[PDB]
Amino acid sequence: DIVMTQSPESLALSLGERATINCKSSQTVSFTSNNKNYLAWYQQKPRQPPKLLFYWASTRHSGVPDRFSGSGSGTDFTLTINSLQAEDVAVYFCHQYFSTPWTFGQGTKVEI
Amino acid sequence: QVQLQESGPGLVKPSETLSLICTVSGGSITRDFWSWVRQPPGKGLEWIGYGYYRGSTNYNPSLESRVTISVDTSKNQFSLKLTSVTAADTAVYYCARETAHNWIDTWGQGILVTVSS
Amino acid sequence: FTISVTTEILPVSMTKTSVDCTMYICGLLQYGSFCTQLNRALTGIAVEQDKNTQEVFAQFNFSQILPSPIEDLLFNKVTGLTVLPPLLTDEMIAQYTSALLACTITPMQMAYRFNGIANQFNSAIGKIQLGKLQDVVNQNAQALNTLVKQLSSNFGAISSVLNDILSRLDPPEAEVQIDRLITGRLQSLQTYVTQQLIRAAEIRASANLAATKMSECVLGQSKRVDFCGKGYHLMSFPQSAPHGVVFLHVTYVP
Ligand SMILES: *[C@@H]1O[C@H](CO)[C@@H](O)[C@H](O)[C@H]1NC(C)=O
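Chains as they are written, first to last, in the deposited numbering: chain B, 1 to 27, 27A to 27F, 28 to 106; chain A, 1 to 82, 82A to 82C, 83 to 100, 100A, 101 to 113; chain C, 718 to 744, 753 to 784, 800 to 807, 816 to 827, 857 to 883, 899 to 908, 923 to 935, 945 to 1069.
It is worth saying that the hints were derived from the structure and are not from the lab. Here a beta-carbon is modelled for each residue, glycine too, at the ideal position from N, C-alpha and C. Keep in mind that a hint or two might mislead.
Unchecked claim - Calculated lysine-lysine pairs in the DSS-like style (CA-CA distance at most 25 Å, straight line):
id, chain 1, residue 1, chain 2, residue 2
1, B, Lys30, B, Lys24
2, B, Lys39, B, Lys103
3, B, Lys45, B, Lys30
4, C, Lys1045, C, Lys964
5, A, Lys43, A, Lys13
6, B, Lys24, B, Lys103
7, B, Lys24, A, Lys13
8, C, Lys825, C, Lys933
9, A, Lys75, A, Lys43
10, B, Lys45, A, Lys43
11, C, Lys733, C, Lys933
12, B, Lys39, A, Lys43
13, C, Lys964, B, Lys30
14, A, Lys43, B, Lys103
15, A, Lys81, A, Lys13
As the list claims (entries may be wrong) - To list a few chain A residues with every Cβ distance to chain C over 10 Å, as calculated:
id, residue
16, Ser7
17, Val12
18, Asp32
19, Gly55
20, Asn58
21, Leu63
22, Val67
23, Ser79
24, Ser82B
25, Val82C
26, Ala84
27, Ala97
28, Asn99
29, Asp101
Stated by the list, open to error - Between beta-carbon pairs, the in silico distance windows are:
id, chain 1, residue 1, chain 2, residue 2, range
30, B, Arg41, A, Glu16, 23 to 33 Å
31, C, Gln965, A, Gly27, 14 to 24 Å
32, A, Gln5, C, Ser735, 53 to 63 Å
Okay, chain B solo, but in the shape it has when bound:
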C-alpha cells in the first residue's frame, strides 16, 4: 500500500503565471533496474470525465498542450502548468501503478 500525497492544495493562480503541483509517494514507485517511473498524471473537469495527461510521469499523452510539463525522481514528482489559462481550471491528481493497491492523489483544484 503506497500513500500518495498532494502537498500543494487549492492552487489559486491567475492567468499568465505558472502553477506547480507536487506528488509525494510513501516509497519508491520505480524499478531500480529500469529507472522507469510508474506514475501518471490526470486532470478532471467538473461534470466531465477525467483525462490522461501524462504517463510514466514524463511522457505526454495525445491532445495535451505544451503548457503541462511533468518530471520527477523516485518519490518526488512535479507537474508545472506553464502559462496557465482559463482552460486549465480542473482538479489534477497523480496515480501510481507500481504495486497493488493503486492509490491516486487527493486531488488539487487549480482555481483562477
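Add chains A and C with the ligand to chain B, keeping to what the hints say.
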C-alpha cells in the same frame, strides 16, 4: 476513439448488491484491462480493481472479499457487482480502460450511487 | 603480576550462496545479462568466502582447549537460490586448528615466553565457560528469507507465477506483466547482491584481522599490546567455530 458509458440504478438499498455496467463504444473490449475506479464524496479516488475479458481479474486488497467484476465480450460490456454495500459506499464510479502497463487512458463519465431508505 | 585468558570472537565466513538465472526467472526467455552479472558477483563472493578460511586456517591441564569441549560448545550453542557446501568441511578446519594448536602449544613454554601461576591460568580458562556468529548467521538467514518473500511478491503484476500469466493473459499483455515480474525479481536479486557485497567486505575485514592474529598473535608472540589480549601477550589458543573463529588470548598484566 474509445468511449465508456456507465449505467445502473442510482439508488441501491443497504446490504444489497450494487450493479454498475459499463458499455464500451469504439475500439474493442478484448484489448486492455478494465478498472472500476471510485471516488467517495470529498475523498481521493479509490481503485477498486481491474478485470479482463478472459476472466482474469485483480481486486483491491481492501475490497477483495466483496467486489466481483465480470466482462462480457458478446454484449461488449463489463459489470461491477459490489456486495455487502454499507453506508460508506455512496460514491461516484468511473469505469476506466487500463492499458497494458495499467495506466488509465479513458476514464468514462462516472455515475453517482447512494444508499438511503 | 597476574595472567588472564580473554575470549575473542571473529567471523570469517557466512553461508555460501549463489543463483541460477536460467531457473530463477522461471522454473521472457532471456531478460538480459543483468542477472548474469548478479550471479557473477555472487560467485565472486562465494570464492572470497572459500578463500577466507584458507586465509585464517591452514596458514595447568589443557583438556578444555586441546581435544574439544569448547569446539562442541560453539558448535551446538551457535546455529536457483542454492546454498553451496563450503569447500573446507567442518572436520578439515577442525584438523587444521587442532594441528596449529599442537604447533603453538609446544611448562617450559611458559619459561621461554616470560622473556617477552597454574591456578590463575586454570581459573581464567574455567571462567570462560559467540554473539557475532549468531549475528551473521541470523542476518544472512533473514536476507535469504526476505529475498524469498520478495520472490513470492507479485511486484504490481497480476500473479506471482509466469506460467499462470501465460495461461491467463494474452501475449501482448502477458509480455508486459512478465517484464514487470522479472524486473521486480531482478531488483530483489540486486538488493541481495549488493547487501552480500557489503557484508562480504565487512566479513573480509574481520577475516584479514583474524589472519593477522593467526600469523603473529598465535605464532610466536604479539609484541604489540591491546591488539589481542587485555595487556602484554604470551600466546593465543585458536578454536574452530561455526562460520567464525574463537581466540583464547593468554595475557599478562601488572
Ligand atoms: C582440568 O582441570 C580443571 C581445573 O582447571 C578440572 O576441572 C578438570 O576436571 C580437569 N580435567 C581433567 C581431564 O583432569
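Hint-by-hint comparison with the structure:
1. The straight-line distance between the Cα atoms of B/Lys30 and B/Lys24 is roughly 16 Å, inside the 25 Å bound, and the hint therefore holds.
2. A hinted pair counts as satisfied when its Cα atoms are at most 25 Å apart, and B/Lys39 with B/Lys103 qualifies at roughly 10 Å.
3. Proximity of B/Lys45 to B/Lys30 is assessed by CA-CA distance (about 22 Å); at most 25 Å being required, the pair is judged to hold.
4. Straight-line distance between C-alpha atoms of C/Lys1045 and C/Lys964 comes to about 45 Å, which puts the hinted pair past the 25 Å bound.
5. At roughly 22 Å between alpha-carbon atoms, A/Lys43 and A/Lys13 fall within 25 Å of each other, so this suggested pair holds.
6. Distance hint between B/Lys24 and B/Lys103 is fulfilled; the C-alpha atoms sit about 17 Å from each other, no more than 25 Å.
7. For the hint pairing B/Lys24 with A/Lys13, the CA-to-CA distance comes to about 38 Å; that exceeds 25 Å, so the pair is violated.
8. Under the criterion of a C-alpha separation no larger than 25 Å, the hint pairing C/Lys825 with C/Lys933 is consistent with the structure, at around 17 Å.
9. A distance of roughly 33 Å separates the Cα atoms of A/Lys75 and A/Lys43; the hinted pair therefore is violated under the 25 Å criterion.
10. Taking the CA atoms of B/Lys45 and A/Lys43, the gap is about 19 Å. The hint holds against a cut of 25 Å.
11. In summary, the hint linking C/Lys733 to C/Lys933 is not supported, as the alpha carbons are separated by about 34 Å, beyond the 25 Å threshold.
12. Between B/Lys39 and A/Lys43 the alpha-carbon distance is near 16 Å, which keeps this suggested pair within the 25 Å criterion.
13. Between C/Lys964 and B/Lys30 the CA atoms are separated by roughly 23 Å; this keeps the pair inside 25 Å, and the hint holds.
14. Restraint check for A/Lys43 and B/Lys103: the C-alpha separation of about 13 Å stays at or below 25 Å, so the hint holds.
15. Restraint check: the Cα-Cα separation between A/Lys81 and A/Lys13 comes to about 13 Å, which is no more than 25 Å; the hinted pair holds.
16. A/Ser7, annotated as away from the interface, keeps every beta carbon of chain C farther than 10 Å; the closest lies near 27 Å.
17. Remark: the non-interface label on A/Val12 is consistent with the geometry, its nearest Cβ contact in chain C lying 29 Å away (cut-off 10 Å).
18. Listed as outside the interface, A/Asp32 is inconsistent with that label: its C-beta sits roughly 8 Å from the nearest C-beta of chain C, within the 10 Å cut-off.
19. Some Cβ of chain C comes within 10 Å of the Cβ of A/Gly55; the nearest lies about 8 Å off, and the non-interface call is violated.
20. Taking the minimum C-beta to C-beta distance to chain C, about 5 Å, the non-interface status of A/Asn58 is violated against the 10 Å cut.
21. Separation of A/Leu63 from chain C is adequate, the least Cβ-Cβ distance of about 16 Å exceeding the 10 Å criterion.
22. Distance to chain C confirms A/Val67 as a non-interface residue, since its nearest Cβ pair spans about 15 Å, more than 10 Å.
23. Separation of A/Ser79 from chain C is adequate, the least Cβ-Cβ distance of about 20 Å exceeding the 10 Å criterion.
24. Consistency note on A/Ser82B: stated as away from chain C, and its beta-carbon is indeed over 10 Å from all of that chain's, at 24 Å minimum.
25. Once the 10 Å rule is applied to beta carbons, A/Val82C is consistent with being away from chain C; the minimum gap is 26 Å.
26. The non-interface label for A/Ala84 is consistent with chain C: the shortest C-beta to C-beta separation is roughly 32 Å, beyond 10 Å.
27. Listed as a non-interface residue, A/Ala97 fails to keep its Cβ farther than 10 Å from every Cβ of chain C; the least gap is roughly 5 Å.
28. Remark: the non-interface label on A/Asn99 conflicts with the geometry, its nearest Cβ contact in chain C lying 8 Å away (cut-off 10 Å).
29. Against the 10 Å criterion, A/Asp101 stays outside the reach of chain C, whose nearest CB is about 14 Å from its own CB.
30. With their beta carbons about 28 Å apart, B/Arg41 and A/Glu16 fall inside the hinted range of 23 to 33 Å.
31. Roughly 37 Å separates the CB atoms of C/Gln965 and A/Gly27, a value that falls outside the hinted 14 to 24 Å.
32. Between A/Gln5 and C/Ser735, the C-beta spacing of about 55 Å keeps the proposed range 53 to 63 Å intact.
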